[PDB]
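What follows is the residue order along each chain.
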Amino acid sequence: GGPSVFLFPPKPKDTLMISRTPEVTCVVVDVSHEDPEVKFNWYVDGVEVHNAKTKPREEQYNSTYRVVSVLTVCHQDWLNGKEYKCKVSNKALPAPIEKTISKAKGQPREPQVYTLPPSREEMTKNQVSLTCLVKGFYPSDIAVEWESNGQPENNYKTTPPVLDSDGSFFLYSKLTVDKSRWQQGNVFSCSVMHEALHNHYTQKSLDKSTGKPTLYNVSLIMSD
Amino acid sequence: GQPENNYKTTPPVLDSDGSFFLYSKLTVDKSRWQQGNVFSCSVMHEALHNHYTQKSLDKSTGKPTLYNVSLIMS
Amino acid sequence: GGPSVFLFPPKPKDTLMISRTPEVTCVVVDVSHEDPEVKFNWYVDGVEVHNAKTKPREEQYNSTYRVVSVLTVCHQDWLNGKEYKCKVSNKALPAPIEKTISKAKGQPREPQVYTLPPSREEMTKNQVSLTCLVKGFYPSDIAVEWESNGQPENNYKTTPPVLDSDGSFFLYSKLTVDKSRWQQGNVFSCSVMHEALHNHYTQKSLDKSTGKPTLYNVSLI
Amino acid sequence: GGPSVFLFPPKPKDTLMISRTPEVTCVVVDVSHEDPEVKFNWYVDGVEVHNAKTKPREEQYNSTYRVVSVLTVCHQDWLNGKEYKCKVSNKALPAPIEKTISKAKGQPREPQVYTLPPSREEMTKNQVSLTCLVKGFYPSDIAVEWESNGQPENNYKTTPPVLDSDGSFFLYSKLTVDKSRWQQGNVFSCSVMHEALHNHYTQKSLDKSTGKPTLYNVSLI
Numbered sequence: 236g237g238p239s240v241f242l243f244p245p246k247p248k249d250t251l252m253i254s255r256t257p258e259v260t261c262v263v264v265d266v267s268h269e270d271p272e273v274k275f276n277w278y279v280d281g282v283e284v285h286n287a288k289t290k291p292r293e294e295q296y297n298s299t300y301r302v303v304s305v306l307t308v309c310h311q312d313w314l315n316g317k318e319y320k321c322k323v324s325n326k327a328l329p330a331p332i333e334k335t336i337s338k339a340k341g342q343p344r345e346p347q348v349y350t351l352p353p354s355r356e357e358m359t360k361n362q363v364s365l366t367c368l369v370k371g372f373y374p375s376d377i378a379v380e381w382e383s384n385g386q387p388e389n390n391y392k393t394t395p396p397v398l399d400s401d402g403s404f405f406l407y408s409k410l411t412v413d414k415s416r417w418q419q420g421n422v423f424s425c426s427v428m429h430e431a432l433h434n435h436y437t438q439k440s441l442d443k444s445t446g447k448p449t450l451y452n453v454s455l456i457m458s459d
Numbered sequence: 385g386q387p388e389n390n391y392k393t394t395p396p397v398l399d400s401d402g403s404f405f406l407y408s409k410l411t412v413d414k415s416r417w418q419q420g421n422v423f424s425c426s427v428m429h430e431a432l433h434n435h436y437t438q439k440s441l442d443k444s445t446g447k448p449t450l451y452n453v454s455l456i457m458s
Numbered sequence: 236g237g238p239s240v241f242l243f244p245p246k247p248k249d250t251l252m253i254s255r256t257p258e259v260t261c262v263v264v265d266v267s268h269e270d271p272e273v274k275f276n277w278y279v280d281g282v283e284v285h286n287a288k289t290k291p292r293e294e295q296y297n298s299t300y301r302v303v304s305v306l307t308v309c310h311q312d313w314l315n316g317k318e319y320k321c322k323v324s325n326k327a328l329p330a331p332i333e334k335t336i337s338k339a340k341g342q343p344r345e346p347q348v349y350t351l352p353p354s355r356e357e358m359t360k361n362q363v364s365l366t367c368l369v370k371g372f373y374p375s376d377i378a379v380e381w382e383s384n385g386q387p388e389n390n391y392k393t394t395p396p397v398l399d400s401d402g403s404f405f406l407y408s409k410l411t412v413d414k415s416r417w418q419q420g421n422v423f424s425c426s427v428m429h430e431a432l433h434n435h436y437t438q439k440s441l442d443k444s445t446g447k448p449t450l451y452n453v454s455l456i
Numbered sequence: 236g237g238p239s240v241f242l243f244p245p246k247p248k249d250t251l252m253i254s255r256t257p258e259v260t261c262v263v264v265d266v267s268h269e270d271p272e273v274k275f276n277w278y279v280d281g282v283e284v285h286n287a288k289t290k291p292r293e294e295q296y297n298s299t300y301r302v303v304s305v306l307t308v309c310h311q312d313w314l315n316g317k318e319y320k321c322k323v324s325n326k327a328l329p330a331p332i333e334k335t336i337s338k339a340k341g342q343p344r345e346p347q348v349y350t351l352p353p354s355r356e357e358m359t360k361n362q363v364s365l366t367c368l369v370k371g372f373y374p375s376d377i378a379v380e381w382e383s384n385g386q387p388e389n390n391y392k393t394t395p396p397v398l399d400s401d402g403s404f405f406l407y408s409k410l411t412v413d414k415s416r417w418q419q420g421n422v423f424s425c426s427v428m429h430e431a432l433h434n435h436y437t438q439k440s441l442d443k444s445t446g447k448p449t450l451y452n453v454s455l456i
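Residue numbers (the entry's author numbering), protein chains in the order written: chain A, 236 to 459; chain B, 385 to 458; chain L, 236 to 456; chain K, 236 to 456.
Source of the hints: derived by calculation from the structure; they are not laboratory data.
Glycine is no exception: its CB is placed at the ideal position from the N, C-alpha and C atoms.
Please note that a few of the clues may not be correct.
Here are the simulated DSS-like pairs of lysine-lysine, each with C-alpha atoms no more than 25 Å apart in a straight line [stated by the list, open to error]:
hint: 1; chain 1: A; residue 1: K447; chain 2: B; residue 2: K447
hint: 2; chain 1: L; residue 1: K274; chain 2: L; residue 2: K317
hint: 3; chain 1: A; residue 1: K409; chain 2: A; residue 2: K246
hint: 4; chain 1: B; residue 1: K409; chain 2: A; residue 2: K439
hint: 5; chain 1: B; residue 1: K414; chain 2: A; residue 2: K370
hint: 6; chain 1: A; residue 1: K317; chain 2: A; residue 2: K340
hint: 7; chain 1: L; residue 1: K360; chain 2: L; residue 2: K443
hint: 8; chain 1: B; residue 1: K443; chain 2: A; residue 2: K370
hint: 9; chain 1: L; residue 1: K443; chain 2: K; residue 2: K447
To be clear about the criterion: a stretch of chain L counts as covered by chain K if any three or more of its residues have a C-beta under 8 Å from a C-beta of chain K, and this derived list gives those stretches [claimed, not checked]:
hint: 10; region: 344 to 358
hint: 11; region: 363 to 376
Just need the whole structure built from these sequences, with the hints factored in.
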């Protein structure tokens with residue numbers, strides 16, 4: 236019956252990328268088809284904004300409508316942590332419902348990033364996997380991306396953040412590639428972007444060498 | 385000696401093929417780690433033999449090759 | 236001949252920084268005392284904008300009135316390359332002077348950033364020098380910063396770049412450290428910020444054990 | 236048409252080199268059409284010496300004539316720092332224009348020159364960059380050359396001097412070499428000549444992975 240508004244907080248990668256800073260999404264489902272009018276209101280820091288954007292409603296089979304609306308606001312305004320408010324009003328709802336969305340409040344912590352070279356047992360498999368773990372970041376806003384200078388990697392795996400005992404978060408990023416590419420000393424890195432990180436960018440490149448005491452296995456030459 | 389409790393397992397996630405994969409992390413002290421203590425992760429799955437498979441670590445990863453670089457004098 | 240109006244280009248650091256939005260400043264110098272207030276007009280692609288601001292007049296050592304006006308432009312707008320116009324009207328000035336600036340146009344090519352480890356005698360002296368160079372950028376809008384284990388310390392050398400034989404500009408950056416800092420092996424980050432780089436910001440890490448090729452290294456000529 | 240005078244400091248390499256004859260040039264531009272000839276007077280050590288090198292006048296679309304007066308001085312006279320006086324008189328100018336040139340000899344500091352091993356990543360690029368650091372000099376007149384195997388290098392880049400916290404300027408010398416030349420073990424020498432330098436020459440030899448001790452050292456990886 237009554238439409239229900241779902242809260243979709245901005246993805247921190249959206250805030251970081253230049254092209255998609257202003258986008259803020261309000262989504263409403265279970266909208267009654269009897270009432271065609273939809274009222275949308277944005278409250279930023281307690282005041283109403285003049286400009287608004289709303290896409291046409293989407294028809295659903297089960298007598299429901301989907302309403303997606305986009306609000307434009309500076310990314311630095313969202314980074315300030317001020318509360319944002321979304322209001323959706325319709326004739327079906329006896330009273331308007333106000334929803335508040337804001338970034339999680341907490342003490343920022345500098346995350347730690349570590350890369351792991353593949354185990355010896357994995358060269359039996361055709362595809363070799365590389366892992367980059369990040370840990371010790373209290374906010375849930377994190378962006379980990381695999382990067383190579385020669386060419387960006389199509390494959391990209393990331394597990395959802397897992398709560399830690401101390402209250403921070405940790406996760407892993409996985410990249411599967413071919414054996415030949417890894418053996419040829421290809422440059423790989425896991426760019427990590429966090430609100431607490433300085434410059435909002437940290438690069439930890441992984442080298443081919445595993446640090447074994449003997450890897451050359453070639454007799455050296457002395458020249459005076 | 386005995387099983388531990390300071391271990392966290394990530395929820396399973398999808399892959400390109402479709403088969404799931406996940407990680408598990410255990411936090412320990414460096415004093416016991418540097419002493420050469422075995423640490424084993426046991427996985428129970430239906431497809432595994434006897435529904436049990438243990439993988440152990442003896443901090444012996446990256447063992448140097450038997451061959452060594454020859455030293456000469458000029 | 237009366238007040239002079241200029242439009243200073245935005246600083247390179249603010250232009251390429253997502254957090255610090257670029258700022259466009261317009262300056263009026265030698266303003267007549269009898270006419271301190273000057274009418275300001277700011278146009279973005281021929282459109283009036285209400286976000287322009289001007290700072291209060293500040294006295295100069297030469298007893299000449301100087302006026303500055305700042306406008307906050309969109310970070311994406313500078314990437315696009317929009318046109319901004321500043322117009323200053325003064326009663327003393329017979330004809331207003333308008334200054335026009337535009338974003339540099341050129342082929343975006345990814346610069347290469349290299350790090351030079353100190354030699355085997357650089358630690359003999361009291362100060363050890365760490366150098367990071369950037370080559371192969373056509374636009375002059377680039378930023379280079381130094382980072383030491385999360386402690387911001389930059390010498391702001393900002394040595395002027397010089398064109399190469401192929402026309403690809405290059406620049407160098409130098410930092411001075413102590414013997415203990417170099418011998419510790421802590422990571423030192425040369426951070427480069429340019430249009431052509433991925434995500435507009437990249438870093439290069441240099442350590443004491445920055446790298447040793449598998450091939451033998453000769454100790455004598 | 237508003238005649239102008241410009242000051243051109245002399246090249247230090249002319250004075251430092253015994254074979255090269257030092258020359259001091261004073262140049263006048265924006266000479267009006269009605270008076271192409273400019274009355275030029277030259278004084279050294281407050282006295283008149285009979286030598287002059289006046290360039291012939293040339294026609295330009297802006298009706299501006301450039302006149303250069305060149306004076307010959309000895310190495311000892313140049314090292315003294317005595318003022319050289321150029322006086323220019325024109326019909327259009329109500330009064331003669333005076334200019335003087337004299338470099339300041341203050342706090343002569345012997346420059347320190349260092350060479351760094353090539354960066355690891357440079358082996359991937361088909362061009363290898365060689366860097367020569369020089370610092371510890373107060374004056375801005377420094378001579379730099381790249382003398383490889385006894386013959387000067389065709390291409391070399393010199394960064395302009397910049398300010399420093401120690402009060403002495405520093406700069407870099409960049410050389411580009413092919414990977415094949417560096418693979419065979421070619422040796423390049425960076426020669427630095429300064430007015431306060433001992434015997435006006437400092438140089439050293441470098442190779443792949445330069446090491447001051449006679450030992451094979453390898454860092455962590």
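Structure-based check of each hint:
At most 25 Å may separate the alpha-carbon atoms for a hinted pair to count; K447 (chain A) and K447 (chain B) meet this at roughly 7 Å. Using a Cα cut-off of 25 Å, the hinted pair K274 (chain L) and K317 (chain L) holds, with the two alpha carbons roughly 23 Å apart. Note on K409 (chain A) and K246 (chain A): the hinted pairing holds, with a Cα-Cα distance of about 20 Å set against a maximum of 25 Å. A hinted pair counts as satisfied when its Cα atoms are at most 25 Å apart, and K409 (chain B) with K439 (chain A) qualifies at roughly 20 Å.
For a cut-off of 25 Å, the pair hint linking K414 (chain B) to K370 (chain A) stands: about 18 Å separates their Cα positions. Proposed proximity of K317 (chain A) and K340 (chain A) is supported: the alpha carbons are some 10 Å apart, at most 25 Å. Only pairs whose Cα atoms come within 25 Å are accepted, and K360 (chain L) paired with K443 (chain L) is accepted, the gap being roughly 16 Å. Proximity of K443 (chain B) to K370 (chain A) is assessed by CA-CA distance (about 22 Å); at most 25 Å being required, the pair is judged to hold.
The hinted pair formed by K443 (chain L) and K447 (chain K) meets the criterion: a straight-line CA distance of about 17 Å does not exceed 25 Å. With a cut-off of 8 Å between beta carbons, the region 344 to 358 of chain L has 10 residues touching chain K; three or more are needed, and the interface restraint holds. For the region 363 to 376 of chain L, the proposed coverage by chain K is satisfied: 4 residues have a C-beta within less than 8 Å of a C-beta in that chain, meeting the threshold of three.
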